[PDB]
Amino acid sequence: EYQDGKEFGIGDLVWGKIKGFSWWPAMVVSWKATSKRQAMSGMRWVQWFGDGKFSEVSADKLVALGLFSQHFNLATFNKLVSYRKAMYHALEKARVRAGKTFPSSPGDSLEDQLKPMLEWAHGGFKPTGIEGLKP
């Protein structure tokens, strides 16, 4: 599936915007994951990090998660615990893909864990770069 000529395939980490101004992280999935129907021509099914719901989104409107600082929004991050949770799960998936590790201490909070993950992302996901995030 997803041979319509456009960007993104199954497993790719993406930012999507479906309403208002906010970009949220997601992973492209098979239509089968959704228990809906095959995606319309030009579109991808994505599964949102955090809530795990599904949306059909134009391939031309999605952006790679690797374009990170461009689409991350610190204001929304500080406003919404739902966004903080979304970013954690998204960057955790990224981190495991890249074989990256960060120091941790017993007692660490969601924000404690996110701090080194955000620094890694904003920094261009070194050492792997964006290639580390591929399925």
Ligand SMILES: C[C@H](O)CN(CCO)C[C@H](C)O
The other form holds:
Protein chains: 2
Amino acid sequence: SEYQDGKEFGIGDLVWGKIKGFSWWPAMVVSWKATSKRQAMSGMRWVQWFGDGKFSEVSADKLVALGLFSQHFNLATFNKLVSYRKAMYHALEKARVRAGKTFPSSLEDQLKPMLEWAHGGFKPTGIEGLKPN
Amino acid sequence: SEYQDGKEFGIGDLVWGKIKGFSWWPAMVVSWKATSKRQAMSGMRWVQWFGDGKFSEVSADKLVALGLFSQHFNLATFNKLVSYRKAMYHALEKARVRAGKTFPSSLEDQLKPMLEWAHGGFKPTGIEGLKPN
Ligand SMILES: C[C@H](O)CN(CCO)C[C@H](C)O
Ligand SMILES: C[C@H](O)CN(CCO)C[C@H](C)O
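Moving from the form deposited without this ligand to the form solved in complex with this ligand:
Then the entire complex follows, led off by the chain already shown.
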């Protein structure tokens, strides 16, 4: 099947991805069929970046689980780039729905509790709640 | 462990492969389990072509190490087909990472410092740097 190479991460997985020149950026692992390109080379994954919805072929070694959040969240980039704040919103919103989390009720204002939730370890489910299905 | 038939090339090796009708094209030796197809016959190797990510079963005797770069790179085919230029880029990119090489930052644009690095024997690492792991 697809992505059967021993490396980590499968379709639907929420991940951080590192592209040369950019901060770790939130993404979702997708099948190559969604991309309109080609099958990924061995040991790579197609991902779709939150915020801009583009596709990149990325090594599985340049990906980590989104659940390792405080370790890869870049606070400077978050303060500097509106695009990164938009990216976090769509990424954490997808996380929230998967985990079955709800928050009370703007952009910054809506992000704040999702951000605290993520930074605090995705409680109560922990990272387990971020799995696909 | 598959491919233990005494012949050359193991999982992860960067190689040139020839299919009749075609120049030498860069590829990576993969396990049959990545292909979603049959196990490979004796003396054969599954390869995945850079550029289109498709799979082919190729005799281990019709494969050379990517390191023999200038001897098998085909300049006529390169200038003629963009597919080949794409294949070369992805192949050299994987080469670059394995090696730990770096190139200051378009397509043919990004290709120039890579192509020169390869044509001149992949210094400083030499071909020893293209090995898997
Ligand atoms: C605006 C920002 O560049 C978003 N990118 C997506 C590049 O296609 C993600 C980054 C390259 O990892
Ligand atoms: C021409 C094409 O884009 C590259 N092919 C791979 C297709 O099987 C490699 C060649 C057939 O050796």
